[PDB]
Every structure is written in structure tokens, then in C-alpha cells.
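Enquirer: Here's the letter readout for the chains.
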Amino acid sequence: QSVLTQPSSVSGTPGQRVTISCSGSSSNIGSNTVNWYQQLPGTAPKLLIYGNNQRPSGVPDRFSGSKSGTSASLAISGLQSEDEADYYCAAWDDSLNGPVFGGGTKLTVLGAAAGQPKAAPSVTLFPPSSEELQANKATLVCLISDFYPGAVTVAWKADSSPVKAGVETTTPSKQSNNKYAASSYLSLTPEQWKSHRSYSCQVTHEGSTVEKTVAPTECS
Amino acid sequence: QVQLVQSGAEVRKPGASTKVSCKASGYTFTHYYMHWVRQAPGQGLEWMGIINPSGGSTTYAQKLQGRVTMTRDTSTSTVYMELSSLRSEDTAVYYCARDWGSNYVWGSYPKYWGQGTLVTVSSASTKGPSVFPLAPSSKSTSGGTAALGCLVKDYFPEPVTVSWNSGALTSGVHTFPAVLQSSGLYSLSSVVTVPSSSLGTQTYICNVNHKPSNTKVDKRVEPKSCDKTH
Numbered sequence: 001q002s003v004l005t006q007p008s009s010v011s012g013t014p015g016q017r018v019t020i021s022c023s024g025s026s027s028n029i030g031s032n033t034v035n036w037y038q039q040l041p042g043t044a045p046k047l048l049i050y051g052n053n054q055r056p057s058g059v060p061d062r063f064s065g066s067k068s069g070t071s072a073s074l075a076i077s078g079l080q081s082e083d084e085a086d087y088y089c090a091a092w093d094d095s096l097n098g099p100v101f102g103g104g105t106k107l108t109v110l111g112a113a114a115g116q117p118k119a120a121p122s123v124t125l126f127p128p129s130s131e132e133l134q135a136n137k138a139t140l141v142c143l144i145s146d147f148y149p150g151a152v153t154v155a156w157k158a159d160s161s162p163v164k165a166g167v168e169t170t171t172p173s174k175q176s177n178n179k180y181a182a183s184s185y186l187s188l189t190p191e192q193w194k195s196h197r198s199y200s201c202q203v204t205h206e207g208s209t210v211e212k213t214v215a216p217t218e219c220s
Numbered sequence: 001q002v003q004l005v006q007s008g009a010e011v012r013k014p015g016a017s018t019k020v021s022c023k024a025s026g027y028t029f030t031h032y033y034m035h036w037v038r039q040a041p042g043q044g045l046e047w048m049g050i051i052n053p054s055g056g057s058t059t060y061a062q063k064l065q066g067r068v069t070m071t072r073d074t075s076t077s078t079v080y081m082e083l084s085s086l087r088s089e090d091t092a093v094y095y096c097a098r099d100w101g102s103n104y105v106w107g108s109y110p111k112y113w114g115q116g117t118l119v120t121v122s123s124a125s126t127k128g129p130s131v132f133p134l135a136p137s138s139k140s141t142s143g144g145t146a147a148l149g150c151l152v153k154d155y156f157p158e159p160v161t162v163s164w165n166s167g168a169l170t171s172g173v174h175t176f177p178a179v180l181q182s183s184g185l186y187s188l189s190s191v192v193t194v195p196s197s198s199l200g201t202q203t204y205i206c207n208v209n210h211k212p213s214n215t216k217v218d219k220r221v222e223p224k225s226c227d228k229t230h
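In order, the protein sequences belong to chains L and H. According to the entry's author numbering, the residues represented by the first sequence are 1 to 220, in order. According to the entry's author numbering, the residues represented by the second sequence are 1 to 230, in order.
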């Protein structure tokens, strides 16, 4: 619905050139200069390009903008992992008498073109705290990090039997090092935690499983 | 340098109003327009309007005309945005942004952005988190490390921040994105990897803030009671 139209997603491998289109009308891009904003995950937008093709100080030359008729384009050469972000075009609109934005493009940076090596997840599993148990609650916390590609499945076991009830697992998210993380939580009653020899969090990644196990009376 | 500091996260019921502030510094306050721009979760940027701190004139986005009000206080270099008759669709991060420097409203655009203020509009009940320590392993080996952390359990709405030792401890910290449980409540964990040899000699405190509920907790994370080494 946004006034300027951008692709929802663009992807490339490190080192390549990618482009992001921005289509408008004679009342905005056709008449007025285009700006671009870059929004890194979890941060505010920053001005990336102004006046079609001008860079603020600090923005590298591998970012370049252009305009042609009622459309504009952002080109990024030498694509780097840190370029993964949402990009927005913008221009003044004479008909609406105000600034308008494109809908945003999520730029993802893939693994190396020649093949990014698989990385198995690191798994840390915490048992319920004494504090939580005293409140008559219990949560097992399974933290999963450093995996690539960014997809895992998580299964929980009470002793050796599957448990599905009480399991909540996040989507994978990108880490600063370009690998991925996720977490999974198992909610139990303190009585259930007492009623088994152990519980386990089993993380499967690219067909291999990494398991961690905790028990109510051990001192790991 | 230009700095824009916004007020903290808020939660509101449908029908209520919210007033967000933006404190400016590092430039001559009355010489630059201030824009407001919002972003619904996972969605795009939407311009809300602009105010001239010299004189206080405003122009608002047509779609918000009639329930947005922008104002400023030139003595405190603060700009305010008030949005009334809130609905769920107004859930967004609200940004103030200083204009590039136009001498006219026409051709203005936001250049220097504040950190944003998350405003959640929901009929669900606000809940502050419980915070539990995640105690480190009792293992002791030369050059060994241990993971310790805090579990921030059952809060609504977002967001929550976690720091360690007032932000003095940053190496080896990994704060995980929250899970949204079927209960409608969030939980997250923050973990720090530290040397095992020094557990019990070092103090580790997680500072948790849930601004929508005005909850602030500082939880000490200590070696297990069963740990005979640390």
C-alpha cells in the first residue's frame, strides 16, 4: 500500500552487486529527488543517500543511487554481511504535499557463493532455579547458538520419552558473527521435575542431533 | 553531535491516548524542523508530520489529521507527539527525527533519528517479568569457562532490556530474542560466558528493565549451593 513500490526482499552473496528498485509516479520520483535510508536490525533508520545519488559523510562509495523517470534504484557493490538490513526509498510527493516512503526491502546476505561450511549448534541447558521452584513453577531453558544454516528443530524428552506439552521455541535469529541462534523453553510443574531421572533438550541440525541433559539432584 | 533522546516504552488500552517526548541537543534547537515517523512491528516507515520549533507551526499526515498533536517547549528543547483514540493498529515504534536543515517545509526530510519509542496498544493485561538466576556450572578445570545468566519470565508487552553490572560487563554476553508463548506472555534469557576459575570471586548482576510496567530488577547470579569449589 506504501506510495513507492520496492521488492519485499533482495538477496546476494558476499562480494556481489545487488540492486533495489523503487517505483513511483510523476508526482513524487518523477519530479523530486530520492532519498534512501538503511535500517540495521534493532536500530533507527540512518540516511544513506540523498538527492538521488549523494552520500552523507561516512557512507562508502559502494552504495550508489540513481533515478530514471519515475523510478529510482540503490546499488550496493562489494556486498558485506553487515549490509543486511531494511532499505527504504523516500521522496517528496507534490500531490500529497508531504514525504512518502517505499514499503521497504529486506536485504539478506547469503553464505559464501563457493559454499558456506555447515556449523553445528552449541547447546546450553539450564535446570529450574531454586528461586523458581520455591514459587511452585519450573522452566528448563535450552539456549542454542552458532549454527549454520539457520534452521534447527528441537525436541524435549522426559527420561527417554517425548514431551510436547509445555514447549515453546523461538524462530532462528542472526547473530553478530553471521551464524544463528534460537531458544526453547520447557514448562513443567516442580513435581514433574522431581518425577523423572532427567530431562533432555535435543537439537537437530542438518540431520545431526546435539543433546543436553539435566537432572534434579545433580550438581553439574 | 546531534542527539535525540526519546521517552520510554509505553502500553495503552484501545481508546486511550499517548504522549511521547523527544529531547534534543547538540544543535540550535529552533533552527531545524522535527519530523515524526512511525513503524508498526515488521512493517514499513510512515511519516506522521512535522513541526517548526520556531513558532510551533505543524503539518500532519492526512491519515492522522484530527487525532495527532505535535508541540514543543523551546526552553527544554523538547518536542512532543500526542496520539489519541488509539487502536491496535497504532502499535509501532515512534521516532522523532531532526530535519536535514531545510528552510522550508517543502523538501524537508528526516536525517537524524532518535532511538524510537515502542508503543503497544492492546486490551491484554500488562505484566512485569519474574527474574530468576541461571546459576553457573560447578565444574573447575584449568582455563575453563562457564555460562551463567538470567531468565526473564512471563511479561507483556515488549520490550525488555538486560545489561550486566550496569553495562560494565559486555564481553561474552548473549541476550536472546524473546519467545512469545501461547499464554500471550513473553520470556527471554541473557547469558554470559565467564572464566570458571573465578566464579565466586566475581560479582555478576543482571539489570532487567520492563518500562511498560515500570518493573526494574537487579538479580545477583551466584554459584550453585552444591558447588564446593566456587
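Calculated from the structure, these hints are not laboratory results. Any given hint could turn out to be false.
Calculated cross-link-like contacts (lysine-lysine; reagent style PhoX-like; alpha-carbon spacing at most 25 Å) [said to hold, decoys possible]:
#1 H:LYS224 - H:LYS23
#2 H:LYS216 - L:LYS137
#3 H:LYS224 - L:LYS137
Enquirer: Against which earlier hints does the structure fall short, listed by number upward?
Expert: Structure breaks hint 1 only.
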